[PDB]
Each structure stands twice: as structure tokens, then as C-alpha cells.
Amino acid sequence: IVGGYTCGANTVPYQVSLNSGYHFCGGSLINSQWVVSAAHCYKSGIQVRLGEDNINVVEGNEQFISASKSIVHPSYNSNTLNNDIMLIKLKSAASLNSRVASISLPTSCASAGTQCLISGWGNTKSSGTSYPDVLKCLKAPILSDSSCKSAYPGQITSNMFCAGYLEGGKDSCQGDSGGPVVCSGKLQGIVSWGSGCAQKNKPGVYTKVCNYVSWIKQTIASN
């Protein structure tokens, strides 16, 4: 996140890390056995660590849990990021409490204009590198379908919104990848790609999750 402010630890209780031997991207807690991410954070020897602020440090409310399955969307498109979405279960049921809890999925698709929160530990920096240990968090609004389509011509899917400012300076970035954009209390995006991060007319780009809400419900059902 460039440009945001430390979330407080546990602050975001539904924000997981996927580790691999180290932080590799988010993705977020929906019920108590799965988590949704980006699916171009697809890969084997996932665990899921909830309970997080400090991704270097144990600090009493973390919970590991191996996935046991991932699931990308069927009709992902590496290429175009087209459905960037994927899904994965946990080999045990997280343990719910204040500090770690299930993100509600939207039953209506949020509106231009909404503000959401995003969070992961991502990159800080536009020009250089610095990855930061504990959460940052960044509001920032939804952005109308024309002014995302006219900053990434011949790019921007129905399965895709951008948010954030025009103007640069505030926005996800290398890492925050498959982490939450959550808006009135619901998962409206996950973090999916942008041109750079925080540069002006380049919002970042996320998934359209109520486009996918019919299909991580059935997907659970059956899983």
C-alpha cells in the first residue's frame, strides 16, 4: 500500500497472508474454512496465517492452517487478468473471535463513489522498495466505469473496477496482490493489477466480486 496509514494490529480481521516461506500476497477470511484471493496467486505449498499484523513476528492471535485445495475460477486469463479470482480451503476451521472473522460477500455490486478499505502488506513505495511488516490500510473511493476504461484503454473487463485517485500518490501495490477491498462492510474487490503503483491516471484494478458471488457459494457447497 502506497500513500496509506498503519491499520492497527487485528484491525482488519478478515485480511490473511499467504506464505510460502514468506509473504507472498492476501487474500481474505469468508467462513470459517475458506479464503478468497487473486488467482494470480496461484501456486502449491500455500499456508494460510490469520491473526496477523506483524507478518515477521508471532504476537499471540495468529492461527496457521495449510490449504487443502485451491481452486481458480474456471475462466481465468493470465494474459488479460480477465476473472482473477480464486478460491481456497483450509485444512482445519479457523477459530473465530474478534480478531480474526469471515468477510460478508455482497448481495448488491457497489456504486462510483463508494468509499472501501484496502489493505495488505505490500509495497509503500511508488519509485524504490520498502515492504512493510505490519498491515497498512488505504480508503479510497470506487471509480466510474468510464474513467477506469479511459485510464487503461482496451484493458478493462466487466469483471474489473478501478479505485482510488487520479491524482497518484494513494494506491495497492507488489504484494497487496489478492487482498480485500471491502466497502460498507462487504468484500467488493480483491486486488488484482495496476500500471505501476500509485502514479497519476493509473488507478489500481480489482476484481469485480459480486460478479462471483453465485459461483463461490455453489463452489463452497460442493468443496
Second form
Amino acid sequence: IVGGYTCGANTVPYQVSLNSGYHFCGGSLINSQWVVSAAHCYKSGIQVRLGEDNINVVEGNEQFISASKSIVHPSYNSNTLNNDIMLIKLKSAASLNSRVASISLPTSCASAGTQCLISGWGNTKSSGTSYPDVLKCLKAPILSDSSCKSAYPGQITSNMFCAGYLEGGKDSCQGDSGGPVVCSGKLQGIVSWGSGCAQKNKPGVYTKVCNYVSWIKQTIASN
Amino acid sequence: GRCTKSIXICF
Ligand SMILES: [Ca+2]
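Follow the form deposited without its partner chain with the form deposited with its partner chain bound, if you could.
Up next: the whole complex, starting with the chain shown before.
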């Protein structure tokens, strides 16, 4: 997260870190057994780390749970990044408490201008590389269809949306992929892609979770 | 260029 702020320990209790001997992506807890992340974050050997603040220190409140299923959307296209969503099933149910909690799925799509909270342990610099120990947060608005397509012509599908700031300086970045965009208590977005981070006229692009609620429910119910 | 925001994919 570039241009954001320190969230504070466990203030984003649905935020998880995906770990393979290092943090490589985020995710969002949607019930005691299931995490939503990005399809492009798929790999073998994922350990889900819940209740994290400082990802490099055992502070208390952590739960480390192996992924038992990692389900990439069958129509994920690795070239266009359309359908960039993955469900992870935890080997055992997380213990839910104030510091580890699920986030609600949307009942409808959000509109342009709606403030959202984007969080993660990604790069904090738009030029070069600095990775934080603690969770970073950013408040960012959803952009209109017209500004999103203007920014990225021929690239925005119906399953994507833009959020952030066209003036530059504030964005998600490398290491934030898979993490939450939460708007009025609903998981509307998954950190997916963009041209660089926090660049002028190049906002972040996010998987449009409201298009996948039915698929998520159907997939969980059958697994 | 467009890239995913994972550690450590660009197009
Ligand atoms: Ca920790």
C-alpha cells in the first residue's frame, strides 16, 4: 500500500496473509473455513495466516492454518486477468473472535464514488521497494466505468473496476494482491492489477466481487 | 506496463 497509513493491530480482522515461507499475497476471510483471494496468487503449499499485524514477529492472536483446497475460477484468464478470483478452504476452521472475523459478501454492486478500505502488506513505495512489517490501510473511492476504461482501454472487463486516485500517490501495490477492498462493510473488490503503483492516471484495478457471489456460494456449498 | 500486485506478473 502506497500513501496509506498503519491500520493498527487487528483493526482489519478479515485480512489474511498468504505465506509460502514468506508473505506473497493477501486474502479475505469470508467464513470460518473460507478465504477469498486472487486467482493469480495460486500456488501449492499455501499457509493462511490469520490475526496478523506484524507479519515478521509472533505477537499473539495469530492462527496459521494450511490451505486444504485452493480453487481458481475455472474461467480465469492469466493473460487478461479476467475472473481473477480464487477460493481457499482452510484445513481446519479458524477460531473467530474480535481479532479474527469474517467480512460480508455484497448483496449488490457498489457505485462510483463509494469510499472503500484497501489493506495489505505490499510495497509502500511507488518507486523502488519497501515492505512493511505491519498492516497498511488506504481509503479510496471507486471510479466510474468511463474513467476506468479511459485509463486502461480494451482491458477492463465487466468483472473489473478501478479504485483510487488519478493524481497519483495512493494505491495498492506488489504484495497486496488478493487482499480486500471493503466498502460499507461488504467485500466489493480483490486487489488484482495496475500499471505500476500510485502512478498518475493509472488507478488500481480490482476484481468485481459482486459478480461472483453466486459462484462463491455454489462453490463453497459443493466443497 | 500492467502487472499483477503479487510477490514477486507483467504484460
Ligand atoms: Ca505476527
